[PDB]
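Enquirer: Fit chain I to the given chain C structure using the hints.
Protein chains: 2
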Amino acid sequence: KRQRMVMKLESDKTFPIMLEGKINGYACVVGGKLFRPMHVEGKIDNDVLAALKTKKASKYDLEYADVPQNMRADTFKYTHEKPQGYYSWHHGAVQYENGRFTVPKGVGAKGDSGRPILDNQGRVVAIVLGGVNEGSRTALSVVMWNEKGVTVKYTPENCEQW
Amino acid sequence: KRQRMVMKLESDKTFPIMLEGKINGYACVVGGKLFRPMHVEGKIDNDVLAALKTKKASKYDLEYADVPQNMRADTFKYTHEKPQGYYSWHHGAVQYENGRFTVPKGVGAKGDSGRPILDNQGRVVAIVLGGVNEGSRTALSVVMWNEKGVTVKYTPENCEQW
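Going line by line, the protein sequences match chains C and I. Per the entry's author numbering, the first sequence starts with residue 114, numbered consecutively. Per the entry's author numbering, the second sequence starts with residue 114, numbered consecutively.
One chain only, chain C, in its complex shape:
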């Protein structure tokens, strides 16, 4: 499955945040709008997107920008269907339960910010912003949206910026 997960991720257009040749995070376009982890320093690996001026969101420590409709023709598709089970991301699978994402220990670290979470249909259900070590596993800090279109950021107490 994870093989197929990566293949779908490869089809999905994603761009790392390059600074002095180092990836400090990741950024992509969802719902026809560009997003970037604010805590991450550097520029997106895309001159076209980098040419766009972003707006800040301190509350959630995120930046965003509007994408031209012609480029909106193909962007990431979000869904509200977030049932318990397992989802997919760059670093393999992720366990979703109690409204929380958890993964095996040693998975995820500083600079991985921006990695989206996809369902079985390849639809976005959340975006990974950070996480915190939880013994045999780690708890992820993510952002998700209600069916009412409400933006909610879930961050474990004293979670580290991953």
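All the given hints hold, so there is nothing to weed out.
Where chains are identical, the list cannot tell them apart; a pair therefore holds if satisfied intra-copy or between any two copies.
Simulated pairs of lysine-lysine, BS3-like, Cα-Cα distance not exceeding 30 Å: (1) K166 <-> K135; (2) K266 <-> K121; (3) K146 <-> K190; (4) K195 <-> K266.
These are calculated hints, taken from the structure and not from any lab test.
Expert: Just chain I now, kept in the frame of chain C:
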């Protein structure tokens, strides 16, 4: 079967309450919080948990404490799904009916306090604190929590501290 159920209980990490080398009860962590039967004298077989200062609950004769996030990595999962039928515990199976737990006579005694009752999913539905002789069987004094999040203690009149 009871072998299988106990084997799963063995996989679950539990810590007895040691006093002068004698087990007077049991204590464990559920939902990332430590619980201990107050009527039980002695100290838990766990320095890390013992290092924690507990709060008292006279109403239920119970003590509890907050567990470090790192130690919350793997704790017991509680559920509110408590249908009539049979559940599992250290001393085999247990019958649940009329909101009460009952077992064959000669099962359970002083020092067994702290033993939880789990379902087929390994979820906790109640914790055994004591019991009372009821002819061919015995009625257990237990604590359980409703879907409303209400702490409810079921204790027969003049029930014995088991």
